[PDB]
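Trainee: One-letter residues, chain by chain:
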Amino acid sequence: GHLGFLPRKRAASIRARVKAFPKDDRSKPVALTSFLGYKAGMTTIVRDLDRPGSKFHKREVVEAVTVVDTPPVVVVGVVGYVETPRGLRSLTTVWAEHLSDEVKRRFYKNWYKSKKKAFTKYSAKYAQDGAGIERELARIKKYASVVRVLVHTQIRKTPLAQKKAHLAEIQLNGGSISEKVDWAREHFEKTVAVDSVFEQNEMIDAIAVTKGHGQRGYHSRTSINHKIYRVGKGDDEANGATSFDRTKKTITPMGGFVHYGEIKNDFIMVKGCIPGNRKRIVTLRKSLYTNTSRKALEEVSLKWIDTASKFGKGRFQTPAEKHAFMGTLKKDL
Amino acid sequence: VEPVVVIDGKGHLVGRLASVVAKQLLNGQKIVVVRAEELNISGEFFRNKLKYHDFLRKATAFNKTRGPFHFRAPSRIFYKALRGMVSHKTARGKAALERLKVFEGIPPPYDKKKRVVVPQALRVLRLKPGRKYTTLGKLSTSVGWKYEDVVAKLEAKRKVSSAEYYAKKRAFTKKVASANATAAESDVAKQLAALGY
RNA sequence: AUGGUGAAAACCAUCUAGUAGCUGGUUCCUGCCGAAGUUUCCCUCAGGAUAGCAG
RNA sequence: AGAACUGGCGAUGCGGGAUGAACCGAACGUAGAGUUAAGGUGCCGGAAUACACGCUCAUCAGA
RNA sequence: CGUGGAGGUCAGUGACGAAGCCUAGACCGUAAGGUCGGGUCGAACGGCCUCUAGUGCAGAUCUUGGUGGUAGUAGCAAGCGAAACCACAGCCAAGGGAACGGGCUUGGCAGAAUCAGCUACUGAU
RNA sequence: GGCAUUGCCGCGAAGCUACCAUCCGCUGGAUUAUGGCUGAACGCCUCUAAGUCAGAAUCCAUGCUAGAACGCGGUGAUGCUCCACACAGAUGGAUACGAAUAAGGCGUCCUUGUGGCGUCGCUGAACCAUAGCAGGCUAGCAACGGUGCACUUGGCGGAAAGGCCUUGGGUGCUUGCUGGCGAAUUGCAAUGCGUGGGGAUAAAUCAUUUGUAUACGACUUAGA
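Order-wise, the sequence lines are chains A and B. In terms of full-length UniProt numbering, the first sequence is residues 12 to 225, 269 to 387. Heads up, the second sequence is in full-length UniProt numbering, so the first residue is 3 and it goes up one at a time.
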């Protein structure tokens, strides 16, 4: 087979780490480079294709897409990395004082017996006008070429019972390192939204650990160039409603996804299929560069979203459609 | 004559330097070569680039992972040129190499401390005027080493932090030169001069 | 070979420590001397008959 | 290829030639000190990164 | 120089310990070996001048006896339990003249210990 | 339906699992061949000798896979206490500009410069330190300095900062100069910070549970 994917062996964790990051544009202000979420289901989309010079120009096209459940991810720290003759080197990490129960759970393999003594004397180290905290922020403000942000998942918002927040690193491609640490200063403990990283019609790339079977499977894979079709919002009702369809419905199928619950928060609808399976954590990066082709150019018009019960079969979209067709039954009246 | 003898590659010749650094070890003489990257060889560049790659194609058969490990980093590139003249096996050796420390650039805690040069191994004192001659730097770069940049930059910084120093100093010894210049002539002086001082 | 025992071609015991144009092995120390690699016919092939070198 | 002639190894260590049946030096009681042979003195390697005259740039010089 | 026995001699040594056996013990002899201390032992033994011989071992696919590695392996159609075999070890490159490289020379290199596949190699602690 | 070495037949989720299906499968330098530019050798010419521009699916990075089990960093968590014991080569000083070498330092004047004038190198053979019982005990004078030490004020050093500077005060020393005592007999050389148990509190492993993992381990989980 493929000689490049060797050794074809098992990954270190469920949360795979991103080996590279996008380059830099110093002229821009501070922006995140990647965002994390959980893979959940495979839905059907039909839409009119506004692709010029095509065999399917202005025609309706069917294609299967995936909906990654993405909760608002919250910052709990920031890191500085110096440039060395031996690569990079973390000189200092610094944290946000008031951490959730979820991140505190990550630092223990046995949460139940533990006395929950996580960031106690470190929070006592904060307890003043800075002096030690502001010193280490100044340390990163002096040296360290690349500045990475420590974030975690709001797992309680997620319908999964895993209850253990995944820590990841996301660098910043907004130049002048002083602004990087000052952005992170303003954004300690703060919850970062999904639409405040990606928009619709953007080519992106996802990282994941691939569906294990028996050694075969359970590798970390990175597939590139995937178009985000819909950046949804949980507080916004009628997510399944397009500009065309406009029927008040959630993107979630009747009785949740296959092996996954309801979507009571933000979501990303990625073209095709992301690696890994449902209940698996993914991290969406932003393409590394300007990927300008006509595959990237077109701004899509989503016509209709399939929300039929994938569990078995589906002839209906909403529960309203079931009783509209069936009429009334015995247990009803 | 000095526990440690920090040397500065900058403008030297792998082989000669090495050699002389070799002897110095086998004779209990701690050493520390610096600015490694800004070392020098002899003969065009395309040369050393070959008389190396060849050293690259090396590698073991059945298991390339157990053969001649081709180090890119200059410091190393040079460290080899050296471990090549030092039994580097019999304890007498190990004992040596154990007395070395080739750094790329000039990291603390030496930066702050004097250095020197092996007058019997200078491009400018061995190579006939205008005559091709590598510069490790490029050579390394061309074959892996992924930092020429870092050191580079992360260098200029060092020169600053210092240059600034010197000034303060130079501006200091400007006084002395006067202090004595004046306090000179007097008596106590005269005398010394006589004896020589 | 002699004499014997067994049996739908044999074994036992002596003669017999049989006979070798050979194979393997051959048991302490020191000192001193110290080669030859070959001449000529018996024909040579086998073993020698002699001269040479060392006493 | 054959014939004749004198050596070397054969029965023979030792210094040197990176390493060696045929090369170079040197025929060995046990030691101490001194001087050399052949071969060497950038380093591995004991010994001049000695001195002096010139010549040589080679995209795998040359020894 | 040494061993078994014989003649002679040392009015030799010897239960207050002969012979033997060991010993990170000491001395002598170029050496064969000889002498002594310490420990163990329990009854005979040695030097000297001579005599005599079944007299001195690393080998013989030696003979006899004993004991290993192999191995707690193959095996029995947690326990029981061999044998073949065994100078000694087992990384590559290059040179080592001679259908000789496995010990050498010059390099590359090399961390204890172990199981499983076709000692490498995949992988796992 | 008790049973049928897995009784036959109709169909079937979960799984085993497939070009028998679907999705995904990258951009910057440096070059060869060559095409050039400036231009000698060789008073013309010339892609070349000294330079320089472009350029092959090449090369090397970017990206991707693994992470040295003796490569390294940052961060969270308290190791503390009670008894008993045990103890690869220092010998004045690593004495900080960078760049160039057919060129450079240092000092001065400024016309602020690829500026002028002066001066240095030909080795560290220097520089700074250097006198006292292996360096004592006591008295002054002259300096207002030098220097050690424990403190304090302020500042800098992230490349491996893990150090370097400074302010103030206190306390020694001063061989800068002059003194006052002691040295023997050392006999004429032989340099002269862990254990083994308690207690208190952090954590890990086993056992249990879960399965996204699985030959066995390992790995993911959950439980005062």
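Any given hint could be a false lead.
[Said to hold, decoys possible] Over the 12 Å line for every Cβ pair with chain B, so calculated as not near, a few chain A residues:
#1 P96
#2 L99
#3 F130
#4 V285
#5 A362
#6 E375
[As the list claims (entries may be wrong)] With beta-carbon atoms standing in for the labels, derived distance ranges:
#7 A/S277 x B/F73: 56 to 62 Å
#8 B/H90 x A/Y137: 32 to 38 Å
#9 B/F73 x A/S187: 34 to 40 Å
#10 B/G17 x A/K153: 25 to 31 Å
#11 A/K30 x B/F48: 29 to 35 Å
#12 A/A142 x B/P109: 25 to 31 Å
Quick caveat, the hints were computed from the structure, so don't treat them as lab data. The beta carbon of each residue, even a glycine, is placed where N, CA and C say it ideally should be.
Trainee: Are the hints correct? Go through all of them and say.
Mentor: Results for each hint:
1. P96: A/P96 is in fact no farther than 12 Å from some Cβ atom of chain B, at 4 Å.
2. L99: violated, 10 Å
3. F130: Holds, because the least Cβ-Cβ distance between A/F130 and chain B comes to about 33 Å, which exceeds 12 Å.
4. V285: holds, 37 Å
5. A362: holds, 53 Å
6. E375: Given a closest Cβ separation of 60 Å, the condition holds.
7. A/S277 x B/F73: 56 to 62 Å: violated, 35 Å
8. B/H90 x A/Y137: 32 to 38 Å: violated, 52 Å
9. B/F73 x A/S187: 34 to 40 Å: holds, 37 Å
10. B/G17 x A/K153: 25 to 31 Å: violated, 41 Å
11. A/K30 x B/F48: 29 to 35 Å: With a Cβ separation near 34 Å, A/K30 and B/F48 satisfy 29 to 35 Å, so the hint holds.
12. A/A142 x B/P109: 25 to 31 Å: For B/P109 against A/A142, whose Cβ atoms are near 30 Å apart, the range 25 to 31 Å holds.
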